[PDB]
Amino acid sequence: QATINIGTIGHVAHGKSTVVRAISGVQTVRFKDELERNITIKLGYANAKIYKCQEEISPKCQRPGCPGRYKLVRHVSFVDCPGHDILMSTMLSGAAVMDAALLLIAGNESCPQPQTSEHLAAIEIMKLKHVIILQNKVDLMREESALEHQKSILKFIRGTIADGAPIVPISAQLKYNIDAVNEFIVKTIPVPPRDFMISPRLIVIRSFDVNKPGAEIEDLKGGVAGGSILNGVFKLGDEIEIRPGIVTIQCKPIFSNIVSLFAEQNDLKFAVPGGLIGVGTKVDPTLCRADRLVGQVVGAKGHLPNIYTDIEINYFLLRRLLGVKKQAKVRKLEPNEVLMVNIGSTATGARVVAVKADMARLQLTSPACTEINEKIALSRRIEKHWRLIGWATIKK
Amino acid sequence: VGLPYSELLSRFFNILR
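Read top to bottom, the protein sequences are chains O and M.
Here the first sequence stands for residues 98 to 152, 169 to 361, 368 to 444, 449 to 519, where the numbers follow the entry's author numbering.
Each residue of the second sequence is one higher than the last, beginning at 127 in the entry's author numbering.
Just to be clear, a hint being listed does not mean it is correct.
List time: in silico EDC-like cross-link candidates among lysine to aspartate or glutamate, alpha-carbon distance up to 20 Å [to be verified]:
no. : chain 1 : residue 1 : chain 2 : residue 2
1   : O       : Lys250    : M       : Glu133
2   : O       : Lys146    : O       : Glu296
3   : O       : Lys300    : M       : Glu133
4   : O       : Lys507    : O       : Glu457
5   : O       : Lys288    : M       : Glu133
6   : O       : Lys264    : O       : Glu222
7   : O       : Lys264    : M       : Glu133
None of these hints come from the bench; they were simulated from the model.
Take the sequences, apply the hints, and build the full model.
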């Protein structure tokens with residue numbers, strides 16, 4: 098199945114979807130009539146092939178001269194998030210689901226673009242320094258201007274946790290120069306190991322009913338959860354608890376036996392981790408209605424994640440903020460103020476109980492589940508929409 | 127490195143419509 102969760106990052110109206118299309122052919126759709134013209138809310142999904150010519170996009174070597182057929186390397190799946198500074202929660206969720214990143218910078222649009230920088234920062238925070246950098250709108254720029262842009266980018270990427278991350282000049286519309294990108298996908302991104310015995314944990318980003326308009330109820334379908342595994346091969350025929358729960368104010372975890380564990384385009388026996396998977400469960404498709412299973416944790420039955428509202432956070436912050444042009452000073456965190464705490468996939472609205480030296484105690488208005496220590500990206504409301512302040516770990 | 131990139135860029139420039 099899908100071997101490595103590779104994410105796509107860039108500015109809004111630059112062409113992440115376009116890039117995906119160029120790579121795979123699989124469309125992110127762009128939907129709900131708002132997003133048909135403009136920008137997606139959900140993650141965009143695509144399945145790209147790597148079968149190398151060693152003597169590729171398709172498993173045949175008729176194209177690159179030598180008739181010695183395309184030698185199977187990998188199959189990779191995309192994690193394409195919204196690159197808008199309003200919808201950052203989704204991006205954050207994607208980030209602690211990904212194994213590696215793909216940057217997208219346009220030629221004619223500037224080098225210190227705010228959103229892109231923010232994305233980069235997020236990636237750095239959440240252990241995602243494996244970034245393949247792509248020059249995108251180069252089918253517009255001069256023989257000198259492009260070079261200048263590249264130089265500027267290089268200059269920028271000197272103090273960042275990205276040091277010598279590779280840059281490729283592609284056209285997402287004209288279909289050129291993606292060979293290099295493909296090569297890098299095997300070269301610069303090795304897949305981090307993901308075993309059998311590391312306790313099975315599924316991180317849900319999407320809720321899906323496949324209940325088509327027109328059918329009869331004597332021919333029914335269950336609930337499908339679109340979520341990623343980063344530990345534990347889920348096999349067909351297992352019982353599950355989804356632990357952030359269902360709301361009564369108290370919450371109670373949801374129990375579902377596996378109908379299917381579906382990856383690629385064809386349903387499989389297994390779901391080997393480091394991939395984003397559509398899990399058919401006996402759970403109602405009415406709870407998989409639109410975007411209900413977003414930021415929920417799934418464990419195999421006989422397991423104890425903990426649903427915390429009162430949290431011990433170890434926090435770290437910036438000197439100067441991101442999301443804006449206008450990079451504003453980080454004023455100190457203020458008590459009993461609504462922050463957004465992004466933990467793996469959750470985007471919970473939290474109130475500050477205490478501020479110490481490097482630790483903070485937080486109240487959650489919506490309960491999140493901590494199994495391990497859990498990776499956090501933090502966010503705040505200063506300029507209406509949510510800006511990225513810093514990062515944390517749950518000290519548990 | 128931005129010089130195994132330079133070659134790529136050159137190639138791209140060569141094969142534009």
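Checked hints:
About 18 Å separates the Cα atoms of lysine 250 of chain O and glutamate 133 of chain M, which keeps this hinted pair within 20 Å; it holds. With a C-alpha separation of about 12 Å, the suggested pair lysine 146 of chain O and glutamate 296 of chain O falls inside the 20 Å cut-off, and the hint holds. Pair hint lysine 300 of chain O plus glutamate 133 of chain M holds up; C-alpha atoms about 18 Å apart against a cutoff of 20 Å. Of the supplied pair hints, the one linking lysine 507 of chain O and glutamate 457 of chain O holds, its CA atoms being roughly 16 Å apart against a limit of 20 Å.
The straight-line distance between the Cα atoms of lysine 288 of chain O and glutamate 133 of chain M is roughly 18 Å, inside the 20 Å bound, and the hint therefore holds. Of the pairs offered as hints, the one joining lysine 264 of chain O and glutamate 222 of chain O holds, with about 15 Å between alpha carbons and a cut-off of 20 Å not exceeded. Restraint check: the Cα-Cα separation between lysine 264 of chain O and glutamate 133 of chain M comes to about 15 Å, which is no more than 20 Å; the hinted pair holds.
Checked against the numbered hints listed earlier, the structure breaks none of them; every hint is satisfied.
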